[PDB]
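Here is what each chain is made of, one letter per residue.
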Amino acid sequence: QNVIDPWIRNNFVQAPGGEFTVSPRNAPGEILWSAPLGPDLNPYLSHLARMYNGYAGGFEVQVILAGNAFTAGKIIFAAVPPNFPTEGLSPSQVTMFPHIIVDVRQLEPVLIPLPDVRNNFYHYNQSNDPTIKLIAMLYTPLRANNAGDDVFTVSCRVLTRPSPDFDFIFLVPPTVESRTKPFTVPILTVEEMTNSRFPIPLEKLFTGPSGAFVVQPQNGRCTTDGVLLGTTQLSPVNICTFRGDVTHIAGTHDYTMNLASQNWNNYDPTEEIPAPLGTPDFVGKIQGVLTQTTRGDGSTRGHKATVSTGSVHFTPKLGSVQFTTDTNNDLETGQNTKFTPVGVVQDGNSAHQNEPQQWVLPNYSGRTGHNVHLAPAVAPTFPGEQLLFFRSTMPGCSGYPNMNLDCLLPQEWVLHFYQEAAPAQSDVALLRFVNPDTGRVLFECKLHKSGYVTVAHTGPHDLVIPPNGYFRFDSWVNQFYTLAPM
Amino acid sequence: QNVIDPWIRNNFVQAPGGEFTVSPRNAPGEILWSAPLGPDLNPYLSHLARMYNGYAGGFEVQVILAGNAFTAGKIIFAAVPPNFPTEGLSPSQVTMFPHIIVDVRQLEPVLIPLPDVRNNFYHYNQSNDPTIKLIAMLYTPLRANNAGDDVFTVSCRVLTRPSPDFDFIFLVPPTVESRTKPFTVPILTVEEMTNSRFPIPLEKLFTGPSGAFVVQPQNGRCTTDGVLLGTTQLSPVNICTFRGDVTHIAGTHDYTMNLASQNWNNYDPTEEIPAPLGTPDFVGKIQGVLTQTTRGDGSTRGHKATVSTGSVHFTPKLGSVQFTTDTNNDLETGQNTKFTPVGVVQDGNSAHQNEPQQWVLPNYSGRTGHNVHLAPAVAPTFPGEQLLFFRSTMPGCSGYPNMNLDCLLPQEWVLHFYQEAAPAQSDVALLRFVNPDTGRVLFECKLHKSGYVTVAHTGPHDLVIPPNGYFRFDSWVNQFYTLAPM
Amino acid sequence: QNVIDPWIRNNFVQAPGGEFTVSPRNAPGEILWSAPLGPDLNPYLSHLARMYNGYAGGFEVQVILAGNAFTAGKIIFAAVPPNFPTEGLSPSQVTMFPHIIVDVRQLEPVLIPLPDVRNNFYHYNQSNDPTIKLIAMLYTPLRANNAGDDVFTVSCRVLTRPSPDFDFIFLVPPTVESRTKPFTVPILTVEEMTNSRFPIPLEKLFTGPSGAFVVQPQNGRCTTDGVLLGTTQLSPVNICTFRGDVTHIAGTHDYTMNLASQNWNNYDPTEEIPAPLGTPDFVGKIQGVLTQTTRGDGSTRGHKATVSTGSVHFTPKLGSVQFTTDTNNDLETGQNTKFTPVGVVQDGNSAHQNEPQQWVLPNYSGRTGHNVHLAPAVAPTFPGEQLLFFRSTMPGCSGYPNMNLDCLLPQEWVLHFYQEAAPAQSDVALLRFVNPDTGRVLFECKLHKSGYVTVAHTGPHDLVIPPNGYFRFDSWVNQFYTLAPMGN
Amino acid sequence: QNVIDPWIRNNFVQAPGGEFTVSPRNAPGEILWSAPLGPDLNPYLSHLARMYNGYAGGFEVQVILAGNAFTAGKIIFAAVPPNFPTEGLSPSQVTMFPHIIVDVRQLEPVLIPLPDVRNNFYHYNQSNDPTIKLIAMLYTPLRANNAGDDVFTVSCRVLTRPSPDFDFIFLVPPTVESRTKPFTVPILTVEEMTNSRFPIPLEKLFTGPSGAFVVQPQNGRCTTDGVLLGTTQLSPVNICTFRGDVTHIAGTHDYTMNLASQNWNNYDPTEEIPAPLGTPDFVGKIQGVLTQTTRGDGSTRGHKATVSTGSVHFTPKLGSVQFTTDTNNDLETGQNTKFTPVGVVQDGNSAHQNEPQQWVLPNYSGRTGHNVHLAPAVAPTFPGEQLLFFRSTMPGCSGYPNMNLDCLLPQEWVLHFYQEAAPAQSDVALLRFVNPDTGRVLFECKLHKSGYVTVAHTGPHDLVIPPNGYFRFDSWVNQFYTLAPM
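Protein chains in written order, with UniProt numbering: chain A, 45 to 530; chain B, 45 to 530; chain C, 45 to 532; chain D, 45 to 530.
One or more hints might be untrue.
To be verified - Which chain B residues stay away from chain A? Per the calculated CB distances, all over 12 Å, these: (1) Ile108; (2) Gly111; (3) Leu133; (4) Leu158; (5) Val198; (6) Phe214; (7) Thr224; (8) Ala256; (9) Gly288; (10) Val327; (11) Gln336; (12) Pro420; (13) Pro424; (14) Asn479; (15) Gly503.
As the list claims (entries may be wrong) - One side only, chain D facing chain C, incomplete, derived with CB under 8 Å: (16) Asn97; (17) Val161; (18) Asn164; (19) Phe165; (20) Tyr166; (21) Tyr168; (22) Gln170; (23) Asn172; (24) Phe214; (25) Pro217; (26) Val220; (27) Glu221; (28) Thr224.
To be verified - Restricting the straight-line Cα-Cα distance to at most 25 Å, the calculated cross-link-like pairs of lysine-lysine (DSS-like) are: (29) C:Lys329 / B:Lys348; (30) B:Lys118 / B:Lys177; (31) D:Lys177 / A:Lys225; (32) C:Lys225 / A:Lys177; (33) B:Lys493 / A:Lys118; (34) C:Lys118 / C:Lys177; (35) B:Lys225 / C:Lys118; (36) B:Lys177 / B:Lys493; (37) D:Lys382 / D:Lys348; (38) D:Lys248 / D:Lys177.
By construction, these hints were calculated from the structure, which means they are not laboratory data. The C-beta atom is built at its ideal place from N, Cα and C for all residues, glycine as well.
Work out the full structure: start from the sequences and follow the hints.
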């Protein structure tokens, strides 16, 4: 009955993220490891279940500890009931759960049954029902000598196998439902991806502290399950463009432009979006080419145009922008018009590399109120963690613009996330940068569900990488996991 | 005849205060652990006894002593008769009792039964009748024969389970006025908590030596079981304010003030309190505003004033104080007046930042007499441990006053302790400062039941604190517990 | 497989929230009492549920009434299935469910079973899965006007016990974050509380009409769920304290102060709060002491200062406030300053006792727009009751300011509600004022979930209470509760 | 444990929506029939479940496919899992499921069991938890090898009976607010029903092409389950009337009118409605009478007036409209006024019978802005099917207006649908026009749940109707049902 290959039933395989470390710096009460029970703990089962509809049965978990006979310290493994919060658990309270105490001096592996507890006959794959969790916590601290400057840290690995009662229910076609679609990151190299906040190819990767300013970008924001945030869009050729009608302002060289949708349709200000899609999200002076499709004499138009993101008349939310040109009067109202950006310029009365402040969001509503429905601010929370920016150089036509432009996610990544709406099985995913020429790993980074990348490094540092390197997805883990220093 | 859940009777769980430590700093013969028999030895039983009125039966206790292989020592466990005092008990006299001696390197848990020895059917939960007491003493000092500069503190665990004959007698509701409400600490972070010696919000924490001065503040003192000492009072506002009758002294700007009661009555000099509640307990000049309400027309009159706590005339205990101001008129002698402090001032001729003298208690009776009913002095009792002060910056108005102010307990903590009269099962409560977003512990501090906090550190040191950190209670330990260094 | 105390299965105890009243104002068809089937309706079972994770069984419910022999009418109790709408249920249709009809004149109690029906093996404690709901409603119109006077209130009491098949499933430690903690009220006396909208102690309680003026304070607002509303802080020291930069205005004694933060950080005008935390909530002139503390020299010379809220120069939302003082030169603009409130004063050129208008909200953003993100207004709904204000008096310095000040909740109550974060089982909780010397209850009041207190009384009145009385929480009741007359 | 009548368990009856058709016009792979398991599959069970709260058990279904001997084709029946979506399911993926393939020429009924697959004891009647779904798909297109110009549409029947284990759980009264009140159509004949776009009684029915214009009326729109869309309102009188305040414009006869609410209040511009309820939705000049009641003496003043819906000033959404009259006086600006339409007028200079433009929606916001919240457009989805309009003749007053007016639904039908919120079990309801005195059927029409009627006809055609004819509901069918030609 729905027989699984006996090799699976008679062998152990590693859980996707079932590895952790115990260091002398750790204090009692810290949650070392935490994982829910389910088919995801076994990659073979996690792929086989994609063809089935429901599962029911427990697991058997094996714990492997790397230690010798000159160390002391005890770890406790407990099974938490399905609906019970684990935040703030005192180290004394965890012993009240069904628990097993392991010494770091052990050589043999530790076997732990984990039966499934439920109030229904079986679970559904799409139900996402709560399940029994397994948590490993440091009980008695680690006491051991250090080998000079290197601290002795014990390693632990977790393997899982299905119990004899584990079985699937009903058979379904494998590739119609996306709920069980596995997560995958594109394998394009860094030098080929495109910056999301401006139509410029990417240049390199940057790391550094971000506590001196508020990092709240509005472009390239998308959760890993395929949900767009802020004003992020898909097409990379509309990042900083404006489409709509134009009207000259008498007495000057200025034009008031009324925005229209990307399909040249009406735009509704009541939409719960901070600005129409493709609105720039950085204060500065943008130079581009303005082209109109005119009838009568001819459609051949196009002049150099300038947009002031900091002007009080810059109200993309209300549907009106101001354009500065060099011709007194050459356009007319009533024809479709589009603006194509070409670069960023500077004002001669301001400080160098001070106008294109990429971290300062222009007031989308002008002066009548404040911007609304903004994308959530992004900032690291764990110690020793710094954001990984995709950095590109912005060409300038005049002055000395701050050419460094940083994106949290490239346009290809957000497009791929939107296309493949793979649900997230935890709160973060472990990504390591792999060089295919030699197979080595340059560094490991965490990809949060909110759509940003963090690394373990301190201070500014420009990453040096081989051209052929690319990112590869490893496994879903929770925030407890830590990364070795780069 | 009630029945306990069969799971409790068959498994071992950790008592709340069930962990202790053995350190080289411990002298032989010290009482390492002490616990009376009762429901408090098991969290499940300590929670279930709230619904019952009596108990009868013994216990089974395991001790986990997983120490390092390089240590050496001997620990003795003994049982004490019910009425037998243990104030001055010595190791030989301990060995007179039924005893078991165990190594520090023991791997297997040490199992001990505790039959209940009593002269009646069963004990009363609401009473305090003595019963069998279990004591663990350091029979032999701990020494390590390991190469390298290391300290092998041995952490030992205690687990308890009820004997098969354990049972409860009568059923009562879990009301308020009972041995209930287990001790807890407010989850408020440091920033919002307000100072107890002056109406000023806190900004930081400090630790440092205290041998060069006598630390004996009178405000913000409260035992952990809900007892107020000295001049501590609940209201955060009535901390250094005065209210009463004012009389003008001819020929000078000074005024003589007869103190009123807390709300409107007259002060009682016979009260067993060193001073009217809300009297400052530091020698210096305090600046404030005298406010008087005239019932003739409802007009409110406010004048600047200064009070010299170090003056001879400053006698709050006798019910008469002296105020210094700049205007020697515009004040009636038949109306109630209030004094609201604003800051602290100092004489520029005197030593800068040396006049406030935060750790000097002004005499409440002037030259005649002395302070009588004072709070006990606070000093550390264990080597290498220093007090923890909650530091704020009291504002100044002239010169360079010593704005650095320290308080032992924030007003929120004393308010919570008074509101919830939680009984104390031991002398020390372990508090761990934790970061909720990270799960790690910044440091470990001991909260003595007398109402102060001690840490393990040497020399002055300004604490570094995450914004979201808060104190968490873990266990009950005695005075001889050793803390892990920061 | 588990067992509970045999005494519980053989006795009836009162359900914590099982008290309700019937009055002639109530008409047939209105729902009077409603309760889900859970362990929380039995105190011993409620206590045990904190130790276990899953209940699985029914109950036996007993009903006791208290009626005089003049009153007449029937009350119907019924059980509603797990997923059945109860809106619009006529008194005729409700009889089709399992039901009991109890006469108001019935001395003896009446019994009713509550067998649990479900499609699951057992329920979860931290979940909202629908269960059988016991309802109690009027069957025939009540007629008691002849008896006694006022509005004869007939009382009810509901007792419960577990069925023989009731049993728990999993054993878990009782943790603080369980989200099952019962709601509680601080036992602090009224005289030691702190006013939530000014740093002065409380003195008395007040009741009076509220229809002549709009009640919408922004201070002292906090729901029973621990969510802070409007512009409320935790520390009662920063109630009306401003901290930030100061700039002198040449030619006069006025100063312009730019607020930074409560932690001397950069101000954030993009926050959704109506005004910076700790701003005054009334229109009036406030007198205090402004102190400047130079870092290098500690030039801490205090100066008398006044701030006039409601004027065109009072724009806390934008980040600018005007101070009026006596010395226009003895202040350095390069150092931050703070303002310490002392009292309020009244302009003598106006009518006496008119300057402080607590209810009126000053324009936080001056002439540039109307205030936004305000706390919801508070007004009683059940006819025959009035709001209960915690009343104090501020000190005065000049003029004849209005001494009266009212706050909806004391600061200690707000702090306790924020700390506890106890979930609310209904919209109204019943609180009785209790004298601890003898244990007698003085009066009853209803604490709404929105964060205000109501008591049944008409006309202005100052409550007379012993100095050592304190509030106590008893149960959760619906809006149809007929509150007993206060009478003190 | 209740018992069903033994007659039901032993005999087969036809489900309400239990008939479908196979036609040469059907493309392969289309979902011919779809039905979830439940009481709805049997009229007796669908009536008995009104008294109960839950059910559990399977069904047995016969399919009658008595087709002609000259046809050819294959139909596949498959069972779908509970949580399995069927939005984009293809025939191969259907064959992945348990399947049975039957001919169109089959004589014996095809018998299929449907066991209930569930993860709990029983389902809730008031809920919408997914269960086993049965789908019949056209595996092979239908072709006929018969001489002669004929179309052999094959009508197929479905009968259901409950399995022996079918049972109900709990007993509840059949109240109003429940899954009750089976759908029904008023038995009123065509003549008495009144128009929804104007207060004029109907006279005829029409069918015709709709590809030359966009059919999107805003009045008389209502889904079959009791939801009002656009500006549809219940009252047959307040259909094109206005009420509010009037102001005179100096120098001209035009008046500016501020709209009031439905009864007396002020209009709310923030409402999620395109215009005040009862606003006309066709571009043209409407003639009516303005009536004003003077509270000074009770006098009533009535004047002729004309409103130009196509004018720029006609902005009902903004709360201001413009009226044109012949007398520029005799109207006060401080009293409520009502506008009662009488007919439609047109400019004789313009094209005759071309100004009313019944299928053109006037802009509710004038030149500025656009219509925002509109009802979905109506267009046929099956080849050879045309909309059915209820035609009336709106009166005129001058010139030759296009008096021909069409409405999708009469006001009685929308009133009945709103009054009785009957849930819909499918997307299409079959309505047959019948003659009660004869018993024959004049024609067959489909009533889409979006609130429109479609028939099978080509080209313009005026319906011929007996005086006593009325619409009768028969069954529920999906979108792909083919109708018998008139």
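Going down the list of hints, with the structure as the test:
no. : hint                : result
1   : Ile108              : violated (7 Å)
2   : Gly111              : violated (6 Å)
3   : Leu133              : holds (28 Å)
4   : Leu158              : holds (19 Å)
5   : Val198              : violated (8 Å)
6   : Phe214              : holds (26 Å)
7   : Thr224              : holds (19 Å)
8   : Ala256              : holds (32 Å)
9   : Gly288              : holds (48 Å)
10  : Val327              : holds (41 Å)
11  : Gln336              : holds (46 Å)
12  : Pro420              : holds (31 Å)
13  : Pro424              : holds (22 Å)
14  : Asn479              : violated (9 Å)
15  : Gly503              : holds (22 Å)
16  : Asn97               : holds (5 Å)
17  : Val161              : violated (15 Å)
18  : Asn164              : holds (4 Å)
19  : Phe165              : holds (5 Å)
20  : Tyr166              : holds (6 Å)
21  : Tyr168              : holds (5 Å)
22  : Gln170              : holds (5 Å)
23  : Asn172              : violated (11 Å)
24  : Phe214              : holds (5 Å)
25  : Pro217              : holds (4 Å)
26  : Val220              : holds (7 Å)
27  : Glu221              : holds (5 Å)
28  : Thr224              : violated (12 Å)
29  : C:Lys329 / B:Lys348 : holds (18 Å)
30  : B:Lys118 / B:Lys177 : holds (20 Å)
31  : D:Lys177 / A:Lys225 : holds (24 Å)
32  : C:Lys225 / A:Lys177 : holds (24 Å)
33  : B:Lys493 / A:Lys118 : violated (30 Å)
34  : C:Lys118 / C:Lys177 : holds (20 Å)
35  : B:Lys225 / C:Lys118 : violated (43 Å)
36  : B:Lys177 / B:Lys493 : holds (21 Å)
37  : D:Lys382 / D:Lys348 : holds (12 Å)
38  : D:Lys248 / D:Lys177 : violated (42 Å)
Figure legend: structure checked against the earlier numbered hints; hints not met, in rising order: 1, 2, 5, 14, 17, 23, 28, 33, 35 and 38.
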